[PDB]
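Undergrad: Spelled out, the chains give:
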Amino acid sequence: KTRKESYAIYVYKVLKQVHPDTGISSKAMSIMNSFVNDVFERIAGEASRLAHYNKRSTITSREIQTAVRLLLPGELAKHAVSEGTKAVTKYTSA
Amino acid sequence: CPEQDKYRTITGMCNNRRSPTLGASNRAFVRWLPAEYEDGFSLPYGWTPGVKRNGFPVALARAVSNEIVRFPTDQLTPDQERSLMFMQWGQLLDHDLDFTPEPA
Amino acid sequence: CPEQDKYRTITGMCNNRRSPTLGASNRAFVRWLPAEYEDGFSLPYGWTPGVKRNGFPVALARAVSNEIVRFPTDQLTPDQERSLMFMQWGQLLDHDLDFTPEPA
Amino acid sequence: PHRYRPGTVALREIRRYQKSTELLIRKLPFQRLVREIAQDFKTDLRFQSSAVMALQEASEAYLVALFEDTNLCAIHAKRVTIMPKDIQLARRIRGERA
Amino acid sequence: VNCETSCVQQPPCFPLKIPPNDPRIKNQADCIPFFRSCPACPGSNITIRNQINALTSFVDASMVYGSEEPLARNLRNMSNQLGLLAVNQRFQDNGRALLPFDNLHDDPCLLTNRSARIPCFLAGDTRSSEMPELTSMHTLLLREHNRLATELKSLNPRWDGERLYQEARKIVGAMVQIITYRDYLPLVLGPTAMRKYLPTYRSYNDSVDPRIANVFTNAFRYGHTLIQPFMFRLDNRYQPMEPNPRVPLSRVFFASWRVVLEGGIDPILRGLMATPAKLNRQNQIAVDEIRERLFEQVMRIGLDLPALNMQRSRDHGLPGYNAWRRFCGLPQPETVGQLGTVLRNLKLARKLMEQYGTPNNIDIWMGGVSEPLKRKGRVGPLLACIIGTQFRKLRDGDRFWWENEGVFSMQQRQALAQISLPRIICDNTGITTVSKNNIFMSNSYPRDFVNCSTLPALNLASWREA
Amino acid sequence: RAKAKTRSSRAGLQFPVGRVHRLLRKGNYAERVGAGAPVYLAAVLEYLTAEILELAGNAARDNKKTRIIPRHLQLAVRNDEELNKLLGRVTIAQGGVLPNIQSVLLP
Amino acid sequence: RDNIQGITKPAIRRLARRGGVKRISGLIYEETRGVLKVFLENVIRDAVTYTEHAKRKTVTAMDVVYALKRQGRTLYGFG
Amino acid sequence: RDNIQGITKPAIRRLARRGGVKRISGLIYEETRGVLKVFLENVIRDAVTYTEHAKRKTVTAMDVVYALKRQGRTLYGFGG
Ligand SMILES: *[C@@H]1O[C@H](CO[C@@H]2O[C@@H](C)[C@@H](O)[C@@H](O)[C@@H]2O)[C@@H](O[C@@H]2O[C@H](CO)[C@@H](O[C@@H]3O[C@H](CO[C@H]4O[C@H](CO)[C@@H](O)[C@H](O)[C@@H]4O)[C@@H](O)[C@H](O[C@H]4O[C@H](CO)[C@@H](O)[C@H](O)[C@@H]4O)[C@@H]3O)[C@H](O)[C@H]2NC(C)=O)[C@H](O)[C@H]1NC(C)=O
Ligand code: HEM
Ligand code: HEM
Ligand SMILES: *[C@@H]1O[C@H](CO)[C@@H](O)[C@H](O)[C@H]1NC(C)=O
Ligand SMILES: *[C@@H]1O[C@H](CO)[C@@H](O)[C@H](O)[C@H]1NC(C)=O
Ligand SMILES: [Ca+2]
Ligand SMILES: [Cl-]
Numbered sequence: 028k029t030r031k032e033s034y035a036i037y038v039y040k041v042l043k044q045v046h047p048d049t050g051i052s053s054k055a056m057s058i059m060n061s062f063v064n065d066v067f068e069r070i071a072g073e074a075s076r077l078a079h080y081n082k083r084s085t086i087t088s089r090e091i092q093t094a095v096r097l098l099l100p101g102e103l104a105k106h107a108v109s110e111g112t113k114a115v116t117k118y119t120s121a
Numbered sequence: 001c002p003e004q005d006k007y008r009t010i011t012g013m014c015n016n017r018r019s020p021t022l023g024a025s026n027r028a029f030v031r032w033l034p035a036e037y038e039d040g041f042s043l044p045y046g047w048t049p050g051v052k053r054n055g056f057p058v059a060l061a062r063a064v065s066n067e068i069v070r071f072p073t074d075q076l077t078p079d080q081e082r083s084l085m086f087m088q089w090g091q092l093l094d095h096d097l098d099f100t101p102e103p104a
Numbered sequence: 001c002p003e004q005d006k007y008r009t010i011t012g013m014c015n016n017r018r019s020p021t022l023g024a025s026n027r028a029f030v031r032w033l034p035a036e037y038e039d040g041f042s043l044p045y046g047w048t049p050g051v052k053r054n055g056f057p058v059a060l061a062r063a064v065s066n067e068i069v070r071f072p073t074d075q076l077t078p079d080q081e082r083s084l085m086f087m088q089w090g091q092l093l094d095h096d097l098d099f100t101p102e103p104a
Numbered sequence: 038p039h040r041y042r043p044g045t046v047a048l049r050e051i052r053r054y055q056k057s058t059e060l061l062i063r064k065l066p067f068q069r070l071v072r073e074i075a076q077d078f079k080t081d082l083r084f085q086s087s088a089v090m091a092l093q094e095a096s097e098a099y100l101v102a103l104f105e106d107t108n109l110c111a112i113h114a115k116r117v118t119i120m121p122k123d124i125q126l127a128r129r130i131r132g133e134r135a
Numbered sequence: 113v114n115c116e117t118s119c120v121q122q123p124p125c126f127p128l129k130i131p132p133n134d135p136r137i138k139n140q141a142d143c144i145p146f147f148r149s150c151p152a153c154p155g156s157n158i159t160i161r162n163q164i165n166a167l168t169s170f171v172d173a174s175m176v177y178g179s180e181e182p183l184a185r186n187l188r189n190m191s192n193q194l195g196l197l198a199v200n201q202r203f204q205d206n207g208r209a210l211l212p213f214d215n216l217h218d219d220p221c222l223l224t225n226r227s228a229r230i231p232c233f234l235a236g237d238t239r240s241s242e243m244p245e246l247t248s249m250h251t252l253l254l255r256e257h258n259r260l261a262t263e264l265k266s267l268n269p270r271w272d273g274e275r276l277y278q279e280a281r282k283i284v285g286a287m288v289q290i291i292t293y294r295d296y297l298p299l300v301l302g303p304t305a306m307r308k309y310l311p312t313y314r315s316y317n318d319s320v321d322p323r324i325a326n327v328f329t330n331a332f333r334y335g336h337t338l339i340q341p342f343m344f345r346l347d348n349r350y351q352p353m354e355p356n357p358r359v360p361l362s363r364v365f366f367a368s369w370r371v372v373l374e375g376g377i378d379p380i381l382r383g384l385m386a387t388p389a390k391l392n393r394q395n396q397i398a399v400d401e402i403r404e405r406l407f408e409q410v411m412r413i414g415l416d417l418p419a420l421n422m423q424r425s426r427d428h429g430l431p432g433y434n435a436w437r438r439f440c441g442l443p444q445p446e447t448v449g450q451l452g453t454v455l456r457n458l459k460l461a462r463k464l465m466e467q468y469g470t471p472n473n474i475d476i477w478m479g480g481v482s483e484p485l486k487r488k489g490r491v492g493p494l495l496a497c498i499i500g501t502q503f504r505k506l507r508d509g510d511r512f513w514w515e516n517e518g519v520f521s522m523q524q525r526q527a528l529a530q531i532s533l534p535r536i537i538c539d540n541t542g543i544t545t546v547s548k549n550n551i552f553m554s555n556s557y558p559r560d561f562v563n564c565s566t567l568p569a570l571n572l573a574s575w576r577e578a
Numbered sequence: 011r012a013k014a015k016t017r018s019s020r021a022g023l024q025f026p027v028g029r030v031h032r033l034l035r036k037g038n039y040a041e042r043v044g045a046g047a048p049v050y051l052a053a054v055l056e057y058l059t060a061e062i063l064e065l066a067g068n069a070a071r072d073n074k075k076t077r078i079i080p081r082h083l084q085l086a087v088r089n090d091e092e093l094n095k096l097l098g099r100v101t102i103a104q105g106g107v108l109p110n111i112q113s114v115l116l117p
Numbered sequence: 023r024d025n026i027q028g029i030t031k032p033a034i035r036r037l038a039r040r041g042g043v044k045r046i047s048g049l050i051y052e053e054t055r056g057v058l059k060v061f062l063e064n065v066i067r068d069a070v071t072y073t074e075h076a077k078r079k080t081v082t083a084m085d086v087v088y089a090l091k092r093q094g095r096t097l098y099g100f101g
Numbered sequence: 023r024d025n026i027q028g029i030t031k032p033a034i035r036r037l038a039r040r041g042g043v044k045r046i047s048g049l050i051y052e053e054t055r056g057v058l059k060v061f062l063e064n065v066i067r068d069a070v071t072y073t074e075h076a077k078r079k080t081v082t083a084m085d086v087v088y089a090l091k092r093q094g095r096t097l098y099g100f101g102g
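So the sequence lines, in the order shown, correspond to chains H, M, K, A, L, G, B and F.
All you need for the deposited numbering is the position in the first sequence, starting with 1, plus 27.
Residue numbers are given in the deposited numbering: position 64 of the second sequence equals residue 64, and the series is strictly consecutive.
Residue numbers are given in the deposited numbering: position 27 of the third sequence equals residue 27, and the series is strictly consecutive.
All you need for the deposited numbering is the position in the fourth sequence, starting with 1, plus 37.
All you need for the deposited numbering is the position in the fifth sequence, starting with 1, plus 112.
All you need for the deposited numbering is the position in the sixth sequence, starting with 1, plus 10.
All you need for the deposited numbering is the position in the seventh sequence, starting with 1, plus 22.
All you need for the deposited numbering is the position in the eighth sequence, starting with 1, plus 22.
Next comes chain H alone, as it looks inside the complex:
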C-alpha cells in the first residue's frame, strides 16, 4: 500500500486550536484538503507568473505576498499578509 499524504493532521491540529471540543467528519476533511490544495496552487501560480513577468528565476516572500494581495479579497489579504510577515520574521529570528 502506497502512502498518500494530505493536510489532515495539520487541519485537525488547527481545529483543536480553534475548537478543542468540536470534531470533524471525513467529508469535511476531504473538503478542507481540497481547499488547502486549491489555495496553494492559486498562490503558487500567481507567484510564478509574477516572477516570470519581472524576469526572475527565484520565488521569494515578496512574490508570495504580492500574490496574496492580488488573490485574497478585502481584509482577508491584509490579515494573511500580516500573518505571513509575522511568521517569516519569527523564522528569521530563529
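Rather than coming from a laboratory, the hints here were simulated on the basis of the structure.
Check the hints yourself; a few may be wrong.
Said to hold, decoys possible - As a list, the in silico DSS-like pairs of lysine-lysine whose alpha-carbon atoms are at most 30 Å apart: (1) B:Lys31 to B:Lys59; (2) A:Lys56 to L:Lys308; (3) G:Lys74 to L:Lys463; (4) H:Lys54 to B:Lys59; (5) A:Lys122 to A:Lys56; (6) H:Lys40 to G:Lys36; (7) L:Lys548 to L:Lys308; (8) H:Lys28 to B:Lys59; (9) H:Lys117 to H:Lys43.
Add chains M, K, A, L, G, B and F with the ligands to chain H, keeping to what the hints say.
TA: Just chains M, K, A, L, G, B and F with the ligands now, with coordinates in the frame of chain H:
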C-alpha cells in the same frame, strides 16, 4: 415585588421581572434614534430665529400645513374599504398606548 | 455649530452635526441594554439585605474574588507573545475613552 | 376534505429542500443517463462510484444555480411562474448560449 | 456620611461587606470603601439611573490635551507663540521635558514619600498619576507634541501659536488612532474578531452613535488580568537597574517621586518594552498586588480590584452574563454542564455555580475574564464582541478620523502610515535600542530589538504650506 | 549533530513548512525557491484554514451539533462576504444552499 | 436508450424548489433536460479525454474533478 | 476632482447605441458611471499592485494587460 403573580399590576411594575420599570407608567420614552435639538440637548428647532437646520432655514409648521396639507373639503373622497370604526379604534388604541403630559 | 471647522473641539462638541452632543464630554453613557436595579431604577443589587436576584441570593463581591480570583503569586505564568507595553497602552487608551466621576 | 392553498405546499417544499443537503435526483436513472452519454465518446467504459457521485453533485448544483437565476429573470418580468424564456435569457447573460 | 472612613451604608457610600473567614480582613465590622458613581441627573424618581462620561468618547488623545476648555487652556504654554504644552518648571529628565505639577487639596502623591514632597502630575486625565508607566506614557506624548510643534514651526515660520498647537494635536491624535487600530486591537480581539467587528474602513457614517457604552467601561477592564506584580527598570544594556530593579506594585501607586528622582522615564519605558506580560488563565486571573494591596499606602486599607469591578458593575445596574451572551448572539448556558461546556473548564463552572447560583447572575467582568481566550487574542467571545462593536462605532462615527476624506491630505496620510511607537520612543527619549515592529509582542532582549537608527522617521515635508 | 527541530516549530506554525517547500520545488513554479516563501505560504494556508474552521465550528454550534459536516462548511463560506468572493466558482459537495426565499413570492 | 426521461418531473420540481422557485410552467422540464444533457455531455467528454490520456478503461473521480475545474466549476469533496 | 462627470451623458448614449439600445432612461447614466468606476477601480488596483511589485513608478500598458487577464478580460493589441 412578589415572585408569583396572577394578574397585571395597575402601574405596570414587574411585568418584566429582570427590569421592572420597562413598560410601567410615568416613565420616559425609549429613543430609537438620538435626539436632534437646536442647541444639542434641549432647544427645539425653530426656537431662536436665524438658526438653520442642516444648512437650510426651518420652515414654519403653520406654513407647511397651509401649503401642503390644505385641500378643499368638498373634493373629499370616501374610503370604500374602511369605516369610521377603523379610525375610532385607532384613536382608542393610541389612548391605550401612550400619553405625553404637558404643564398646566 | 459652525458650518466649517478644521480641527476638533476640546469638549468634543459639534463632531456629529446632526446631534452635536454625541460623543461630547460630561454626557450620560449610552445603554445597549436596559438597566437592572434592585428596585428598578436606582437601587443596586445587594443594597437591601435579603433581596434575591432572579430567585437567587446575591453573592458578595469580596467573597467571589476570594473564591475564584485568588491564586498563589508564585505560580504566575509569563506571556511569551505579549509585553507590558500591551497593558500600558490598553490603560492609556481606556483613559482616553472613558471616565466615570464620583462624589468627593 | 382539508385542501391547502395552491401556494402553501410549494412554500413548504421550498423551506424543506433549502434546509437539506441530500440529492434530489434518483441515483440509478442518473447513472444510466451518464453511461448512455459516455457511450458516445468511448465504448466499453467503466465508471467509479465516486465519479458518478461527483457528476451528480455538479449537475445538481449547476441546475439549482440556473433555477435561481431563472427565478430572478421571471421576477424581473413581473411574474412568479418560471418559463423557458427565463432559462434562455439566464443562459445567454451567463455566457453559456451567448 | 464620609465613605472612606465610615462603613454605614448611606448614599453615596456603597461599601463592600466582608465575608466570613476572609484571608486578609479578620474583622467583619470593617468594609472596603466604595463610592457610587454620580447619576446623570440626581434626585429623579422618573428616569432610570445613568452615569456620566467626563471625557470625549472619540480616540482624540484627550488624555494629553484634556476634555474641558479651562484645563486645556491651563495645559498650554501661553508665555510664547510656538504652541507648546506646559512642562515642569522644577525638574527635568536628563534635559528633557516633564509633566507639570498639579495642585489639589488632597494629593495622594506626597503620601507615598513624605520626604520627597513631590506632588501629583497635571495632564489631560486626573488618573495619570497612579503608576510610573502611565506617567511615562503621558510624558512621552507630551514630548512628542512639543517636538512636532517645533518641527512645524521650523517648516512654516508664518504659522502662529494656535495653528502650531492645532496641527501638532491633529498629528498626535492621528498617531494615537493609527497605533490603536493597527497594533493594539488586532492583538486584543484576534484576527477573527478583528475581521468580524472591524471591517475595512469605507467612509464617514454620521448615523453611527459614537458614545461610549456603559458596559464598555467594565468590559475594557480585562487589562486587570494582564497586570504583573512588579515594576521593572532596565539600564542602557537592558539589564536590571540597581538599586530597586523590581519594585512591588503596592509601593509604586501614586508615587511620582520614582519618576522624578529615580532616573526619569527611560528605565520604565525599557522595562515596559522588554518584559513579558501576564497570561490570563482560568485558574490565574488577577495577582494579589491589586487584589489585596491596591492603594495600600494612600488609603486606610487595601482595596480589591476585581471586587471593585464587580461591585461597580452592580452599581451601574448592568445585566448579567446570560443577557450579554444573548446580546452578542452567543448561546446562553443554563445548567452547570452547559456552563462548563461554554467555559471549557468544568471546575470553574462548579465554582461559579456555587458562588452565584445561576449563569444569569454572573457579573459581566467575571464571565468575560473566565471565558477561554480567542485564538491569537486575549479576550473571550463576549468581551471581543463588546470591544469590537464599541471601537467600530468609535471609528465609523468619528468625523475627524484620519482616514476620512478632508481631514488629512493623501501625502499626509501616507506619511502618517509610516509612524510607529518604537520611532516615537526613539525620538523622544535617550533610548537607542528599541524593540522591532509590533512593540506589544516583542518582549525578549536582544532577540527582538534593533537599533533606533533603522526606524524610518516621520517626514513632515507634506505639512509645508505655500 | 544537534537535535532536529522542524521549521514549522521555528516559525511557530502548525502547517508543514518542509512539505510546502518540497511542493514548491517540485511543482514546476520557478527555477529556484527562496527560504522564506514556504514559511509565508504555510502561514497564509494556516490562517485561511483557521478562519474557515472557526466559522464552521460556530455554525455547527448554532445547530446544536458536535461535529463539522459539509453543510456547516457551506454555511460558513456562503455567509461570509470575503470567503464567498474567494470561493465563488467552487462547489462544496453535500453543502446544500443558503435558505433564501424571494419577497415577491411570499403571500 | 431513452434515459434523459429518468430525470422525472418531480425531480426537476424538487431542484427548482431548492432554488426558491414557487411556480413552474409545464414546458420547463424539457428545457431542463436539454440543459442537463448539454452540461453532462461537456463534462463527460472532458473526463473521457482525461481518461484516454491516462491509458485507462475506467473513469475515476479525479478525471471528473479535473474536467469540472477546467470549466471553472471547481468541486470540493472528492480529492 | 469630480472627474467621473467627465463621462458625459452623450458618451454613455453613444456607448448604448453601439450596444443596440434604442431608448435610454434618465437614471441610466448614474448607474453606468458607478459601474465604470467600480470596474476601473478593480483594474487599476491590480495594475498598481503589479507596478509596485516591480519597484516602478510608471504604470505600463503591460501591467494593465496582466490585470485584465487576471479579471478574465484578456485584451489583444496592447503590449503582447
Ligand atoms: C428574543 O429577542 C431578542 C431581542 O429581539 C429583538 O427584538 C425583537 C422584537 C426582534 O426584532 C429581534 O430581531 C431583535 O433582536 C433576541 O436576541 C437578539 O439576538 C440578535 C441575533 O443574535 C442579536 O443581534 C446581534 O447583536 C450583536 C451586536 O450587534 C447589535 O448591537 C450593536 C450595538 O447596539 C449594533 O451596532 C448592531 O447593529 C446590532 O444592533 C451581534 O453579535 C450580532 O451581529 C453580528 O453577528 C451576526 C451573526 O452572529 C451577523 O449576522 C452580523 O452581521 C454581525 O456580525 C447581532 O446583531 C440581538 O442583540 C439580541 N437582542 C438582545 C436584546 O439581546 C432573541 O433571540 C429572542 N429570543 C428567541 C428565543 O428567539
Ligand atoms: C376625534 C378624533 C381626534 C381628536 C379630537 C384628536 C386630537 C388630538 C390632539 C389635540 C392631540 C395633541 C396635539 C399635539 O400634542 O400635538 C392629539 C395627538 C395624538 N393623536 Fe389625535 N385626534 C383625533 C384623532 C386621532 C386618531 C384617529 C388617531 C390614530 C388613529 C390619533 C392619534 C393620536 C396620537 C397617538 C396622539 C399623540 C398624543 C400626544 O401627542 O399627546 N388621533 N390628537
Ligand atoms: C496601574 C494600573 C491600574 C490601576 C491603578 C487601576 C485601577 C483602577 C480603579 C481603582 C478603577 C475604579 C474601579 C474599577 O476598577 O472599576 C479602575 C477603573 C478602570 N480601569 Fe483600571 N487599573 C489599572 C489597570 C488597568 C488596565 C491595564 C486597564 C485596561 C487595559 C484598565 C481599565 C480600566 C477602565 C476602562 C476603568 C473604568 C474607569 C472608571 O470606571 O473610572 N485599568 N481602574
Ligand atoms: C514655554 O516655552 C519656553 C520656551 O519657548 C520655556 O522656556 C518655558 O519654560 C515654557 N513655559 C512653560 C510654563 O512650560
Ligand atoms: C522617599 O524618597 C526619598 C528621596 O527623597 C528616598 O531616599 C526614600 O528611600 C524614599 N522612601 C521610600 C520608603 O521609598
Ligand atoms: Ca477621547
Ligand atoms: Cl450598557
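Undergrad: Which numbered hints does this structure break?
TA: As far as the earlier hints go, only 8 is violated by this structure.
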